[PDB]
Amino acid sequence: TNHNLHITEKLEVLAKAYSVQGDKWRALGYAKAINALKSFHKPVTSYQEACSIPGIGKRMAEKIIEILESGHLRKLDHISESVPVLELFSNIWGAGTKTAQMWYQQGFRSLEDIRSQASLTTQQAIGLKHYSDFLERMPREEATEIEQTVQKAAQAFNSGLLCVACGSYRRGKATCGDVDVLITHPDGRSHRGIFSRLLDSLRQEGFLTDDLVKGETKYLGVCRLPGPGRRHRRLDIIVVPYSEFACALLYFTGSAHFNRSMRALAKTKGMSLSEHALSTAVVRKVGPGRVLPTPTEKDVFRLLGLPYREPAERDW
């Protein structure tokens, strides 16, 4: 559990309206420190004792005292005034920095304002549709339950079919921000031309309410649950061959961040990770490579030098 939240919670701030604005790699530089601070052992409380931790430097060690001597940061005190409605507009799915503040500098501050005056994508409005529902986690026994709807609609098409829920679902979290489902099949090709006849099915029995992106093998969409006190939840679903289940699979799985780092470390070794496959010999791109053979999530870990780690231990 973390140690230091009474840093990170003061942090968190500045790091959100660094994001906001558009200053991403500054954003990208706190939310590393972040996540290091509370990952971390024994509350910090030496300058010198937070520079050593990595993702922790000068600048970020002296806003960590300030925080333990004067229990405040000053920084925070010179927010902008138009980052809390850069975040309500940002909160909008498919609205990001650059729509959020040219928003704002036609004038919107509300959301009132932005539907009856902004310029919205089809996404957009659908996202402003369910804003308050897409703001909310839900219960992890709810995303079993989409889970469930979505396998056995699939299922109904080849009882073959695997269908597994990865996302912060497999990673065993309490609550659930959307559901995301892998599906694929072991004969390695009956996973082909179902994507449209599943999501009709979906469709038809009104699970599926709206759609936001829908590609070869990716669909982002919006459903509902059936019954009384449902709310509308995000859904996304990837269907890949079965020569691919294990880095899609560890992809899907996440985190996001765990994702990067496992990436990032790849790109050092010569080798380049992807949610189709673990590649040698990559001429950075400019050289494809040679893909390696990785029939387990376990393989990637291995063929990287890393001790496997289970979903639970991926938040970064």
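Numbering follows the first chain given and starts at 1. By rigid core we mean the largest C-alpha set that fits within 1.5 Å across both forms. Compared with the form deposited in another entry:
- Note: rigid core superposed between the two forms; among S274, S255, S39, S261, the CA shift is 2 Å or more only at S39.
- If you fit the rigid core between the two forms, you'll see the Cα of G107 move by less than 2 angstroms.
- The rigid-core alignment places the CA of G71 2 Å or more apart between the two forms.
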Second form
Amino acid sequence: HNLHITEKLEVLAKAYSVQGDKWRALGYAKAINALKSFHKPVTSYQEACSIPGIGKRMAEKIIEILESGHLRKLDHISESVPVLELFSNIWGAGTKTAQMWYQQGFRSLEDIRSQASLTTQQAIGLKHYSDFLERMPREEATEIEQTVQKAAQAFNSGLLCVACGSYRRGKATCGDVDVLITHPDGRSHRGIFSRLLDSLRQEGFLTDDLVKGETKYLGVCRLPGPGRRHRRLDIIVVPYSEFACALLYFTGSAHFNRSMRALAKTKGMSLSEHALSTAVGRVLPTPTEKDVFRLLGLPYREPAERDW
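Write the structure block of the form deposited in another entry for the protein whose form deposited in one PDB entry appears above.
Left out here are the partners and the other molecules; the chain alone remains.
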């Protein structure tokens, strides 16, 4: 993991990200995910271009870090960037909102609180600003999953509730909990969603709602008792017929999903949380996750092997 170059790149990568240059930030993200994986630290400016994810521009930049010791572009990073990052860490506010607030003269969360116009979601994000920057211990994610499962299985004991995301990928900490809910009978998943949230809300577990769709919920919960933080909770309810693809999707990682979906498109297919399809298409049968891998000509990967 020879990475004294990456450190300086990530500063630039972050800068592009918060300023909304998502594609350049994407290039940097992949160039960096590479350097933290090359066996022996990079030596030659040719050793660079001989790596997947690094080209003429990135290579010559790496050659500036090694040779010179520091990259000059860093010195041209707008001074607004730290403030933009602060604002964009409010849930529900992205690059465009942060830049607008910044143009309006706002510089601190006190400025936002007192003077900014906030959406319903942003007001919740700001209230829980600190909490939402903390990742929870794996054990707390378990407790949250079980709270949801216990409350759901009370409408129907056959309902499957499974924590996906970083949890299923085996991480020691989780930014939130992602709970996928279904029923193996392909039908009992219906007419449950709204009742579930109502009971979780009734028992004081759900504290705030961010997004409420027909089959997806993004919100905020807090386990009972002292010393508890507010945690983000996302729930989706899917018909059993879509279980494997939904599980695959909601497990990720995000970068893994993107790569897998890109691959599917090259093979004349389309992959979503609903189905693996032939391009516009026929829905290919995917009873299990393994079926999706096999249809794409891929060796199966355990969730921990998908942590990209």
